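What follows is a single chain, given as structure tokens, in the form deposited in one PDB entry.
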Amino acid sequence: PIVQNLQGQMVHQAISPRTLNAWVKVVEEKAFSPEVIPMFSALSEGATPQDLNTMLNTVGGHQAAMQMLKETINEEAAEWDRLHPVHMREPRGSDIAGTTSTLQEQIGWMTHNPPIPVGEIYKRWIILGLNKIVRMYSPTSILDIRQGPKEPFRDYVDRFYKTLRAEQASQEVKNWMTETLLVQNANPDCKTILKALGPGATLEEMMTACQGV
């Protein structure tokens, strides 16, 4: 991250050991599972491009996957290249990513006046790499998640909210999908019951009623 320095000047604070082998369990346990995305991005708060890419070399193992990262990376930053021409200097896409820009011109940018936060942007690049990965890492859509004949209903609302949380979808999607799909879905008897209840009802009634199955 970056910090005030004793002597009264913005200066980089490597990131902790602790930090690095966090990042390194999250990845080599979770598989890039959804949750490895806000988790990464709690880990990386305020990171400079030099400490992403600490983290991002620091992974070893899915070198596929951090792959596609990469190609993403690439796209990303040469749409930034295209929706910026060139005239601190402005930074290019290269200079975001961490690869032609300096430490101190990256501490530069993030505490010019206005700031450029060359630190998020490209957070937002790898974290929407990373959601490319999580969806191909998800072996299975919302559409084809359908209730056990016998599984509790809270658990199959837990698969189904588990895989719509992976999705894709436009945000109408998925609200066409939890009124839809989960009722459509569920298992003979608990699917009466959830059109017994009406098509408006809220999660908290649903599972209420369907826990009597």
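Numbering follows the first chain given and starts at 1. Superpose the two forms; the largest set of C-alphas matching within 1.5 Å is the rigid core. First, how it differs from the form deposited in another entry.
Rigid-core fit between the two forms: of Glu179, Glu28, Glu151, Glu35, the one residue whose Cα shifts 2 angstroms or more is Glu151. Once you line up the core between the two forms, the Cα of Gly200 ends up 2 Å or more from where it was. Residue displacement note: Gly61 has its CA displaced by at least 2 Å between the two forms (rigid core superposed).
Can you switch from the form deposited in one PDB entry and show the form deposited in another entry instead?
Partners and other molecules have been left off, which leaves just the chain.
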């Protein structure tokens, strides 16, 4: 992170040891279940690119996942260099990625007016790679999720949304999936309740109708 020093000038604060341990727990124990993206996004709040690379040094070891992450970062760095050609110096994609930039360059950019938020930029490329990894480690297609013959509708909704949260689908597809597939893949008793609501039903109406089904 970045902290105002005793002289009032902004200075680096290293990402604290037990924060990195909380990220190591998230990488090692949750096996890229979709909550890894929220927890990465949270633990890296205000992280400089040096801090973000300090976190990715423990995605290393998951060498298949790390490869997908590195190539996604490189792909986005090239796309940055394409969208923003050459005119502190303005950061190139490798400067955003914290490989070629100095720490003082990173903090300078993040503390500029207007800010050049290279940390919270690079964090988007990393989150996009983590989305690819969460897809790879997903156990099921959304089309495989069906309600158990005695499964509570809440628990099926959780299985469904947890899977949907991993999918590649655009929001327009996720809307269609929510309405059609959540109804379609319910068990026949609960499906009968859901069908009676008609196509415009909110998830609130669906679940409140199916309490104790």
